[PDB]
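Listed below are the residues making up each chain.
There are 2 protein chains.
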Amino acid sequence: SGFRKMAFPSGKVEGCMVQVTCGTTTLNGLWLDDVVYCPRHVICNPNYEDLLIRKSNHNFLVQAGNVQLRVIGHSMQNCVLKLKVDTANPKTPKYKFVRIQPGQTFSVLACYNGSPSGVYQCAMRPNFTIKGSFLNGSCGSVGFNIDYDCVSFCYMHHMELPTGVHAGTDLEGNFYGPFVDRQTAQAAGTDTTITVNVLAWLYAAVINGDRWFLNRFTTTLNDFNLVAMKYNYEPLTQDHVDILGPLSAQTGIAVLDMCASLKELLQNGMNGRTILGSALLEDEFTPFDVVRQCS
Amino acid sequence: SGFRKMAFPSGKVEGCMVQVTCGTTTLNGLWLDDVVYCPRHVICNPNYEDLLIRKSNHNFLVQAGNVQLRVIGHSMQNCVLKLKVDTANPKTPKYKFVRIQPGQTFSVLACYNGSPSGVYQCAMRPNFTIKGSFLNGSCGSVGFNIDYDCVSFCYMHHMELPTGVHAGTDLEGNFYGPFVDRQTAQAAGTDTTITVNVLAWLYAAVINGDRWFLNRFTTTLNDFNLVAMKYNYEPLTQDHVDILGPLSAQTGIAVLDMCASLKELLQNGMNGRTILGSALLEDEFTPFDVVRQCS
Ligand SMILES: *C(=O)c1ccc2ccccc2n1
Ligand SMILES: *C(=O)c1ccc2ccccc2n1
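For the record, the sequence lines run as chains A and B.
According to UniProt numbering, the stretch in the first sequence is residues 3264 to 3307, 3314 to 3564, in order.
According to UniProt numbering, the stretch in the second sequence is residues 3264 to 3307, 3314 to 3564, in order.
So here's chain A without its partners, still in its complex pose:
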């Protein structure tokens, strides 16, 4: 019982975090096999091809705990630098580089000077930002999920936008969203609420004994989506209905039955009550997140 914002255990990623310094700029890097991945900002509308051609291997100081790693090659892939080192990281886990979709969640290992400081769970927003917690020095911190023994890296941190939300890249150095790795007037666009996740969280609440918002009514997918549009919720697809199957079967509450509760909650509010300790509808838990915690 209970339901928490829960991150993956971070140890497999902690053993990969290093410090990268070029000039007077220091940030975090990710050491997997004999390559260190970090934001290309470490070499700073400049032309990064020009900036990198002017560097050599000895300009890069890579520190793994107390050991200095010798850089033997350098190259750029999109907004990430790849520094080849002379030593494979003996702590390299099984890993993949996997780009995530808006609405999916991941764990963030916030790091400063190559030293992990904290771990928390984030969702990729529909507008391709994350609501992270990052201070100066956090560039190069990574986001990930873990399946069995395999770390799927999905995010490297680059930027804070004017509203205080965050923007970054996949591990191929391609930005999530229409953002760049320099100071411009760029700003997050309008966001929307992740409907399938709200429904998953309502199922988590039922599994944990919160039932006050349930009702006898069912709705049609079409009539639900008309209400979703009015409150800035994403339309519900049949694929989303399908992915909620397991939770619907465990609770005995049909997906379109739960949709009628959500419609009522949007129209009427909570009337001073809470669900799973929240006074708002939470949209940062996926159906998989719920199944993992509410087994």
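It cannot be assumed that every hint is accurate.
Chain copies aren't distinguished; within one or between two, either way the pair holds.
Here are the computed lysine to any residue pairs in the SDA-like style, where the Cα-Cα straight-line distance is at most 25 angstroms [stated by the list, open to error]:
id : residue 1 : residue 2
1  : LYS3360   : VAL3336
2  : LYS3324   : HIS3343
3  : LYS3400   : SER3564
4  : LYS3324   : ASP3355
In short, the hints are calculated from the structure, not lab data.
Following the hints, put chain B with the ligands in place on chain A, whose structure we already have.
Only chain B with the ligands this time, still in chain A's reference frame:
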């Protein structure tokens, strides 16, 4: 910028988690130096002295990943069993066993069959329960804080109470609160809101640019505490005022100035607004937690 429920990186604790089996009962244990600590329930109003005298070392199967550890001695300390093994854990961090106070926070590494599954942040409630997320098999999961390189273990998980909240012990096997490690009708008593933490979180909100709840008024400590009593908030002490000093100085908002905002929020509610993404007043962040994230 940003403010998240943030746990400590769990790697130092992950390297200590083992599986302990006795009979048909399996749960988690904590392997530090040559001792494994686990809930004494693994040997199951019985007399545990009698139950343990009837065991021998060979009745305990301890598995660290794929390696079986040989048990060479066994003893009980309060509600924890201590199994001496023939091998010191080479991954033992610097550590301490430290009992925490109500109102303080810690990270929980939820574990099943000796395998870490997730990490989240918890506060010890005034009524000595935690609002955890634990399923069957989680007995022996631990809570901790980390300072520099040193893990301060403060919690070992034992019980789920009828309301779905959780009860456990320090690493000396002494329960937090008036609970026992067997099935009785025991229930959590009435809880209260941790006032100093709510104030710390309001400072976190100001640091992050949420200012709508501020006002020009100040109050007296006495008049504040009269309102706290009415809404089931703990009384504010001068020691708590003192610990909020650093946050008061960073924001330029006197503690008793912030108390006048909290009084207004309790009397009037939020009027459809949010603070740091919440529609309720959050009390599970200590002043230290805020300073760590809002540096
Ligand atoms: C960190 O990786 C990073 C990338 C880009 C950038 C631009 C401007 C200020 C700070 C930055 N940090
Ligand atoms: C786990 O450590 C534990 C302790 C005590 C207990 C009593 C009854 C049921 C389950 C239990 N688990």
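Do the hints match the structure? See the list:
no.: 1; hint: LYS3360 with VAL3336; in the structure: both (14 angstroms within a copy, 19 angstroms between copies)
no.: 2; hint: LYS3324 with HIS3343; in the structure: within (9 angstroms within a copy, 61 angstroms between copies)
no.: 3; hint: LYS3400 with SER3564; in the structure: between (27 angstroms within a copy, 17 angstroms between copies)
no.: 4; hint: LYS3324 with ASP3355; in the structure: within (18 angstroms within a copy, 53 angstroms between copies)
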